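Each chain, written out:
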Amino acid sequence: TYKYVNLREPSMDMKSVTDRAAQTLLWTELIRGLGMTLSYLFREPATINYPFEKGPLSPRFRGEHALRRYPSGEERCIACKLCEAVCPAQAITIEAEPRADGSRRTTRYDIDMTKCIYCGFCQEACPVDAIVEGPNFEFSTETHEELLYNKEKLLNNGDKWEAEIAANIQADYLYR
Amino acid sequence: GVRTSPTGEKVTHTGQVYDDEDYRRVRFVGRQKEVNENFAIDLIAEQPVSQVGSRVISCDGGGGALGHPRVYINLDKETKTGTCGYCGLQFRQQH
Amino acid sequence: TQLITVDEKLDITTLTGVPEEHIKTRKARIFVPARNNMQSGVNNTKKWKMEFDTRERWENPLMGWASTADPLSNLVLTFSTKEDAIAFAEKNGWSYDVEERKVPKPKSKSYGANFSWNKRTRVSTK
Amino acid sequence: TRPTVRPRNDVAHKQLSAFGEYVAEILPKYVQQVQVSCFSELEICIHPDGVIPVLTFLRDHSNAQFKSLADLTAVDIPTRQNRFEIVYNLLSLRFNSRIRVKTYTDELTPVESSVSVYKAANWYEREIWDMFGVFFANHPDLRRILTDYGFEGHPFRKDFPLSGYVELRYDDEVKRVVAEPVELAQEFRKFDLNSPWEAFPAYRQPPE
Amino acid sequence: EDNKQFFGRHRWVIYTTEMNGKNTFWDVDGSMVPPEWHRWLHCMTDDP
Amino acid sequence: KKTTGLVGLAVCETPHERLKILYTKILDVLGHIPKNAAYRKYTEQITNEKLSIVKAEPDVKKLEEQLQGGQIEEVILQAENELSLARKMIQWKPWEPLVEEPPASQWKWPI
Amino acid sequence: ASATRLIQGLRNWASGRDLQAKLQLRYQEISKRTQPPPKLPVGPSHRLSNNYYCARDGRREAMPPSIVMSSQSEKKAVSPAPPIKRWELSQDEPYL
Amino acid sequence: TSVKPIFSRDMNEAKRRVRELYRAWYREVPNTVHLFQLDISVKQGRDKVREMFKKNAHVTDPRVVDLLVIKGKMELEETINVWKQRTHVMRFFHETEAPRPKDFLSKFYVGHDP
Amino acid sequence: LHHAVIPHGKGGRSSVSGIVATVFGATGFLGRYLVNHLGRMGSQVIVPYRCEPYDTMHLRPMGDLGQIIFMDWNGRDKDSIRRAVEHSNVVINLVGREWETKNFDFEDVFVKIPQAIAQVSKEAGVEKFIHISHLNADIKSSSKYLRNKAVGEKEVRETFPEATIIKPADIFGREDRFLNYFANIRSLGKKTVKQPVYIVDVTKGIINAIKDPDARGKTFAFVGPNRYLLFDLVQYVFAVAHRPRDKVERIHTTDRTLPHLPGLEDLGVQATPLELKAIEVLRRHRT
Amino acid sequence: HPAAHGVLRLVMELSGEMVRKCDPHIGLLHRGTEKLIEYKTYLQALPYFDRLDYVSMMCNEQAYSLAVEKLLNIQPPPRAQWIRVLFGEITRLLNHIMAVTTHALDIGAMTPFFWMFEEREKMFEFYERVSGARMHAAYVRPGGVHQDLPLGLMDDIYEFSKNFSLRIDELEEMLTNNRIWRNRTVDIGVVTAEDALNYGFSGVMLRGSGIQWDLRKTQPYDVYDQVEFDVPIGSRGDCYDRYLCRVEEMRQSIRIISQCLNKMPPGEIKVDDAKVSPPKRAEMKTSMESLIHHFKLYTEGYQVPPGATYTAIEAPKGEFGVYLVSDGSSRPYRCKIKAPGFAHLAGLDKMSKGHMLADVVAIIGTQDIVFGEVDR
Ligand SMILES: NC(=O)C1=CN([C@@H]2O[C@H](COP(=O)(O)OP(=O)(O)OC[C@H]3O[C@@H](n4cnc5c(N)ncnc54)[C@H](OP(=O)(O)O)[C@@H]3O)[C@@H](O)[C@H]2O)C=CC1
Ligand code: SF4
Ligand code: SF4
Ligand SMILES: [Zn+2]
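Residue numbers (my numbering), protein chains in the order written: chain A, 1 to 176; chain B, 1 to 95; chain C, 1 to 126; chain D, 1 to 208; chain E, 1 to 48; chain F, 1 to 111; chain G, 1 to 96; chain H, 1 to 114; chain I, 1 to 287; chain J, 1 to 376.
I should point out that these hints are in silico values taken from the structure, not numbers from a laboratory.
Mixed in with the good hints there might be a few duds.
Straight line, CA to CA, 30 Å or less: simulated BS3-like cross-link-like pairs of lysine-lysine [said to hold, decoys possible]:
#1 112/I to 144/I
#2 33/B to 160/A
#3 158/D to 296/J
#4 29/D to 41/F
To give an idea of the interface, some chain A residues facing chain B are shown, with a C-beta separation under 8 Å as derived from the structure [unchecked claim]:
#5 100
#6 107
#7 127
Backbone N, C-alpha and C fix where the C-beta goes; we use that ideal spot for every residue, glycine too.
Sequences and hints are given; from them, build the entire structure.
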C-alpha cells in the first residue's frame with residue numbers, strides 16, 4: 001500500500017488562480033503562521049523552577065552506585081567478581097581477601113565513574129543484589145581525583161541512605 | 001575502633017594505614033580522609049546466637065527474593081556453631 | 001596478465017607501521033595451549049596460539065592498578081598449524097620460539113584388569 | 001520444535017539452490033563455492049580475477065537484477081595464504097533476495113576496484129584501504145578517511161593491538177598537542193573465556 | 001504539593017537559612033533534601 | 001501515459017516497436033556468441049519468451065499485467081543494460097574453464 | 001489556562017483547534033503509583049512432565065551450510081524468487 | 001605462486017618512481033615551512049626528509065617499494081593541500097623526547113630494556 | 001628506601017619516577033616550565049599558591065591523574081610551609097618579584113622567604129634543596145634587587161650547607177619579561193656585554209641536577225653560547241620583529257662571565273643559541 | 001558549529017556563490033567500534049550497537065538482536081515481538097521529528113524545534129519509565145525483550161497519541177504551507193533513479209525519489225505484516241517532497257502505534273530457554289540450575305554457532321545493515337555496519353554538484369545525519 005504526496009495540478013479556473021494570486025500579493029499565509037505562533041504565545045509554558053522543583057523520574061533510575069548491607073548486619077557483598085566480569089567498560093576492580101572470621105570478603109572495590117556507562121548490568125548480575133544503581137544524579141565534581149570511588153566511599157554512600165534504596169527495590173524487585 | 005597511630009590518621013577496617021615514610025600522607029593534606037565509621041567485624045557479636053531445634057535448617061535472609069539464595073546448613077558439630085557463608089550469623093540446635 | 005612472480009621473502013614490517021623497537025626487542029612465542037588442568041576437555045586445545053613475552057607492570061600509586069607501557073602484551077592469535085605460524089612470524093618480521101605440541105599419550109585400562117588375581121593392580125576399595 | 005525455535009522455510013532454500021547451480025553453470029571461469037545457510041541467503045565464493053565480470057553480470061541479465069550494493073569488508077582471517085576477504089553484499093530491488101560475494105585476497109595483490117560499475121563503492125573502497133591495506137588498482141581516489149592524517153598502521157588488522165602506538169597530549173613547552181608512546185592508567189585485563197567441552201557438535205572439523 | 005498545577009510543578013521544597021551553618025539564605029543547592037522527601041519529590045510515589 | 005512514477009525517467013512514446021527492434025538486436029548479438037556455453041541457451045530462452053510475450057500483445061496495461069518491469073520503460077532500460085553486458089561478454093570469454101584453484105584449506109570456516 | 005474567557009477566545013481565534021481540550025499541561029493521567037504487586041506469568045516453559053530439553057533444542061539445530069558447486073537443453077533459469085506484485089493505492093485517503 | 005605486482009616489473013621503475021617522489025618532497029618542503037609558520041630551518045627539514053627515505057632502505061621486493069611510493073604520494077598530496085595541520089608536521093619530527101639512548105649502561109639503570 | 005619511591009620503567013604519564021618535588025612559586029614563568037618538565041618526567045609535584053586558583057587552573061593539566069597537588073601558603077608564618085614539607089623528597093626555591101609592592105619590597109622577599117623555608121627544610125628532613133638566584137648579584141651598586149639577592153645567597157650558603165645554589169643569566173622564552181619589554185617599548189644604546197640562555201637548557205640542567213646526586217654543594221652559573229653586544233641584540237630583535245626602572249638599570253649595567261664555578265657542559269646538557277629560538281619565538285609582530 | 005550539526009570538516013572548492021567540487025572530510029568522530037566489539041562478547045558489547053547510531057536508541061538494538069536471533073535459531077515470544085514493534089514505531093517517531101527539527105534549526109526556524117522537543121521530552125520520560133535511562137536505554141537483549149514494562153504505561157502512550165496527532169497537525173499548519181520555506185527547498189536535491197540505485201541510497205531517499213520500496217512491506221522481519229499502514233512515495237525527488245515523506249511517515253507511525261495497542265496480546269517476556277535469556281530472580285534465588293545458568297551466562301557469555309550472517313532493518317535513516325562474523329565461541333569474530341548515513345554522505349557531490357553554500361546547508365539538513373553512524 002503506497003500513498004504518494006505532491007500530485008495535484010494548478011486548476012486554471014479563475015477562482016483558484018485569484019486565490020493563489022491573493023496568497024502571493026497579500027501575504028496571507030505568512031499572517032497564518034504568525035497566528036499559529038501567537039496561539040502558542042498565550043498558553044502557559046511547561047517549565048519547572050529547577051532547584052525547588054526537581055523533575056519527574058521512574059523508580060528504576062540508575063545513579064549513585066551505592067552498596068547495601070544485611071538488616072542489622074554486615075556487608076552484603078561476597079566478592080564474587082561477576083560485576084567485574086560483566087562491566088562493559090571494566091570499571092569495576094575487585095581485590096578480595098578473607099578477614100579474621102573465615103567468611104569471604106574483599107579488600108578493594110573500585111568503580112571508575114568516568115568509565116561507568118550506567119547500564120544496569122551490574123544491577124542485573126549481582127546475585128545478592130549487593131551493588132545497586134543509586135537513585136540520585138548529582139555528582140558535579142571539581143577535580144578528577146574524586147571521581148574514582150572506593151569501597152569505603154561506597155559503604156559510606158550506602159550508609160548515607162538506604163530507606164530510598166529499600167523502598168525502590170521493594171517497589172521493583174518483581175519485574176527484574 | 002580506630003587505632004592510635006603515630007601518624008594520627010584513622011585506620012580502616014582493613015589494616016592499610018600508612019607509615020612515616022609515605023607521601024600519600026602529604027597527598028591527604030587538608031582533605032579529610034573519609035573512612036567507614038561503622039565496621040563489619042564487630043557487628044556479629046551485636047547479633048544474638050539463634051537457636052533452632054532441628055538438625056539441618058534453611059537460611060534465606062529476611063524475605064523472599066531480597067537477600068541471598070536458599071542455603072541449607074548443617075548443625076552436626078557438637079561444640080562449633082553453624083555458620084551460613086552468605087549471612088554470617090550463627091545457629092545452634094535445641095535437643 | 002602473466003606477471004613477474006618470483007619466490008622471495010615477505011617484508012610487511014615496513015608497512016604495518018609498528019616501530020623498530022617492537023620489531024627487534026620482543027620475541028614471539030608460538031605454542032599449543034595446554035589444558036587448564038582443573039577442567040578436563042580439549043576444545044581449548046586444537047589451536048596454535050601466538051603470544052608475546054610480557055614486560056614491566058608497575059603499580060599505579062593512586063589506585064593500586066597495573067599501568068603498563070606495553071601495547072603488544074595483550075595480543076594472542078589463534079592458528080591452525082605450525083607451518084602457517086612460522087610463515088606468518090617470518091612474514092610480519094619479528095622473532096619467535098616454537099614450543100612443540102605434546103599430545104596426551106594413549107593408554108589401556110580395563111575393569112577386568114582392575115580385578116586381577118595375583119597381579120598387584122588392585123583398587124582395594126570398591 | 002514448535003515454540004521458541006525460529007522456523008526455516010525450505011522454499012527459499014530450494015529456489016536459491018537452483019539459482020546457485022544456475023550461476024555455477026553460466027560462469028564456470030570463476031566459481032569455487034556456492035553455499036546456502038539455514039536462514040536462506042546465498043553465498044558465492046569467488047577468485048579475485050573475475051570481480052568485474054561477475055558484478056557486470058549480476059547487475060543485469062534479467063534473471064536477477066541486483067542493483068543495490070552494501071558491505072564490502074575484507075574480514076581478516078589469518079592461517080591462510082590469502083588473509084583478507086572482500087565481501088560484497090548485493091541486494092535486489094525486484095526480487096527481495098540477498099547474495100554475498102565473498103572473494104578472497106592477500107595483503108598485496110589488488111582486486112579489480114568495482115567503482116567503475118557500482119558508484120556506491122567509492123568511499124567503501126577508500127575505507128577498506130584506510131583500515132586494511134587492500135590496494136585497489138585502476139581506482140581514481142585513494143586517500144585516508146576515518147583515521148588521522150599523521151597516522152599509519154591499518155588499525156583494523158589483527159596485527160594492530162587494541163591500544164595505539166601514538167597518544168596525544170598537550171604540552172606548553174612547544175605550545176601544541178604532541179604525540180607520545182602509550183602510558184595507560186589501567187591494564188585492560190583480558191579474560192580467558194574460551195571454555196572447553198565443545199558447545200556445538202555438528203561443526204567438528206576432521207582431526208589428524 | 002498542589003493539585004491545581006501540573007506534572008512537574010506538583011511538589012516543591014523551600015529551604016531554610018543556615019541548615020548546616022553555611023549561610024544558605026542564598027545559593028540553595030541540590031541535595032539539600034533528606035532522602036525520604038527525595039523519594040516524594042521526584043514523583044516516585046503518591047504518598048508523603 | 002502521463003508523467004510516470006520515477007524521476008529521471010521521461011515517458012516513452014513508442015513502447016512496442018522500439019522494444020521489438022531492441023530484442024532483435026539482443027538475439028543478433030547473442031547469435032555472435034558461441035554455442036556450447038550455457039549462457040547462450042539461457043539468454044536465448046528468456047529473450048525469445050519475453051519477445052513472444054510482447055509480439056502477442058499490442059497492449060500496454062495487459063503488457064504490464066503479463067510482463068513485469070513496472071511500469072514501462074524499466075524493461076527498456078534493463079534491456080539496454082543487458083545489451084551492454086552482452087557487448088562486454090563478446091570479450092572476457094567466461095565459459096572457458098577455471099582460472100586457478102583456491103589453496104583448498106581456505107573456504108571452510110571454523111578455524 | 002484556568003483563566004478568563006477573552007484570552008481563551010483569542011487563543012481559539014488564532015488557531016481553531018479547540019485549545020482548551022488538548023493543551024499539553026496534563027493534570028489527570030498522572031499515573032496512580034504504588035500499584036498492586038504484579039504477577040508475571042510464564043507460558044510454554046517450566047511445565048513439568050514433558051519438557052525434555054532435547055525436543056526444543058534450538059541451538060543445536062543449526063546445520064552447517066549446504067554446499068553446491070566448487071572447484072574441488074535443460075529448461076531452466078528460474079529467478080531467486082517470484083517477481084513481487086505491484087502495490088495498490090490504499091483506501092485511507094490516498095492521493096489523488 | 002602467481003603474483004601480479006602494482007606498478008613496476010623490476011626495481012628499475014622502483015628507483016625511477018622513488019627518485020621522482022624524492023624530487024617532489026625536496027621541492028615541497030620549503031613551501032610548507034613558509035605556510036604552516038613552523039620553527040624549523042629548511043635544511044633541517046630536508047635532512048629529516050632524506051632520513052625518512054633512508055629509514056626504509058633495506059627493502060628488496062618491488063611490490064613493497066611501489067606501495068611505499070603510494071604511501072608517500074598520498075602524504076605529499078595531503079601536505080601540499082592544507083588538509084593537515086601543525087600538529088601533524090611536528091608529529092613527523094621529534095622535538096618531544098623520547099631521550100633513551102642505546103647504551104647498555106643506561107638500559108641497565110633504567111629498568112628492563114634488553 | 002621505602003616503596004612507591006623506587007622508579008618504574010619508562011617516563012611520563014603515570015610512569016612514576018623517584019622524586020617527590022615541592023616547588024615554590026610556579027605561577028610565573030620558570031616554575032611553570034619546570035612543572036611541565038616534571039610532568040614529562042612524571043613525578044608528584046606539590047605546588048603551593050597564595051594566588052587565585054584560576055591561574056594554577058590554566059597551568060594545571062600538565063600533570064597526569066592526581067599527580068600534581070595544590071595547597072595554600074604565605075610569607076608570614078611557618079605552619080603552611082611545614083605543611084608543604086610534611087613529606088617531600090626534593091624542594092626548590094623559585095621565588096621573586098621584579099618590582100616592589102605595598103606589602104613587600106625587594107627587601108624581605110629575598111630576606112624573609114628563604115630563611116623560613118631553609119630552616120624548616122633542614123629541620124623537616126628533605127634532600128637536595130635547590131635555590132635559584134640571578135647571575136652576578138653582588139654587594140656592588142645600582143641594584144637594590146641584586147644586593148638583596150646577594151643577601152639571600154649569603155643566608156642560603158650559611159644555613160643548610162648541603163644545597164645547590166644555582167644562577168642563570170637573563171633567560172628568554174614564550175612569556176619572557178625583558179624580551180617582551182624589548183618588543184614593547186615606546187630607546188638608546190651603549191656598550192654592554194650580555195649572554196642570554198634559552199629557558200629549556202636551564203630547566204634541563206635543573207632537572208638533571210635534581211635527579212643527580214654526588215654533585216651537590218657546588219654552586220652553578222649558566223652560560224650563553226654567544227655573549228654579545230646589547231645594541232646588536234636590540235638591532236636583531238627589531239630586525240626579526242620587522243619594525244624600525246630598576247629593570248632598565250639591570251639590563252643596561254653588566255652581564256659578565258665568572259670562571260670560578262661550573263656551568264652547562266660540566267653537567268652535560270647542550271646549549272641552544274639566541275638566534276634559532278628567536279626566529280622560533282618572535283611572533284606577534286605586524287600582521 | 002552549527003552548519004556541520006556536529007562535526008564534518010568540509011572542504012568545498014568553489015567558483016563563487018557556487019561550487020566546483022567538495023570533500024566531506026569525516027572520521028573526526030572515530031571511536032573504534034568494530035575493534036572494541038571484536039575484543040568483547042555479545043552481551044557486553046551490546047551498548048556499542050545501542051550508540052553507534054546515537055538517536056535511534058531501540059531500532060539498532062532491535063537490529064543487533066535480530067542478527068543474533070537469526071543466527072541462533074530462536075523465535076522470540078509474541079509479546080516481546082509486539083513490545084519491540086511498539087518501541088520501533090516510537091523510535092521512528094522520535095528520529096523523524098528530530099530530523100525535521102534539526103533541518104529547521106539548521107535553516108533558521110527557531111521555535112518549531114522547541115514545540116516538538118517538548119514532545120520529545122515526554123517521550124524521553126516514557127523511555128525512562130520503561131528502562132531508567134534518559135536516552136541510551138540498552139533494554140533489548142538478544143532473545144526477546146528483557147525486564148518488561150511496568151503496570152500503568154499503555155494509557156500514557158494512548159494520551160500521547162491523541163495530543164501528538166494534534167501537535168503534528170499544528171506543525172503542518174506552521175511550516176508546510178509557508179512561502180519562503182517552500183522557496184528555500186524546492187530547486188535543489190535532484191535524484192535520478194539510476195543514481196539512487198547505484199550510489200547506494202537507502203530508505204527515505206528511495207521513498208522520496210521514485211521507486212516503491214520498503215523492508216517492512218517486502219521482507220517483514222517481524223509482525224509488521226499484521227497492521228494497516230501505507231508508506232509515502234515521492235513525486236519529483238525534492239526536499240519539499242522529502243519533508244512531506246518524513247511527516248507522513250510520522251503519521252503512519254502513529255497509526256501503527258494505535259493498531260498495535262488495540263491488538264496487544266499478554267503472553268510472556270523472554271524466551272523459553274535459560275541458555276540464552278537469563279533466568280529471573282525468583283527461580284534464580286530458589287533453584288540450582290538457574291543459578292548455574294545465571295553465573296555462566298554472565299561470565300562466559302552464551303556460545304554462538306560458527307557462521308557469517310547479514311541482516312538489515314528499516315531504521316529511520318534507511319537500510320541499517322549489520323554483518324556478523326561468528327567463530328564458534330562466545331565472542332563475535334568480526335562485525336560491520338552498513339550505514340545509510342555513510343552511503344548518503346557518499347552522494348554529496350551528486351546532490352550538490354550545481355548549487356551554492358546555503359544549498360549545501362540544506363542538503364546536510366535534509367538527510368538525517370548523526371555522524372556517529374557515518375563513522376564505524
Ligand atoms: N631572567 C629571569 O627571568 C630570571 C629569573 N629568576 C627567577 O626565576 C623565577 C621566575 O622568574 P620571573 O617570571 O621573573 O618571576 P615570577 O614572578 O614569574 O615567579 C615567582 C613566583 O612566585 C610568586 N611570588 C614571588 N614573591 C612572592 C611573595 N612574596 N609572596 C607570594 N608569592 C610570591 C610570584 O607571584 P604570585 O605570588 O602572584 O604567584 C610568581 O608566582 C623567579 O624566582 C626569579 O627570581 C632569576 C634570575 C633571572
Ligand atoms: S556482583 Fe555483587 S556480590 Fe559479586 S562481587 Fe559484585 S557487588 Fe559483590
Ligand atoms: S552500570 Fe557502570 S559499574 Fe555497572 S556494569 Fe555498567 S559501566 Fe559497569
Ligand atoms: Zn544465610
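* Interface restraint verdict for residue 107/A against chain B (beta-carbon cut-off 8 Å) -> holds (6 Å)
- residue 158/D and residue 296/J: Cα distance at most 30 Å? holds (28 Å)
Holds or violated: residue 112/I to residue 144/I, with C-alpha atoms at most 30 Å apart
holds (15 Å)
So, residue 100/A near chain B? Judge it on the closest CB pair being under 8 Å. holds (7 Å)
Worksheet entry | Given hint residue 160/A paired with residue 33/B - CA-CA distance at most 30 Å | Roughly 16 Å between the alpha carbons, so the hint for residue 33/B and residue 160/A holds.
**OP:** May I ask you to test the interface hint for residue 127/A with respect to chain B, counting a Cβ-Cβ separation under 8 Å as satisfied?
**Re:** holds (7 Å)
Q) Has the given pair, residue 29/D with residue 41/F, been kept, meaning a C-alpha gap of at most 30 Å? A) holds (17 Å)
The structure is consistent with each of the numbered hints, conforming to all of them.
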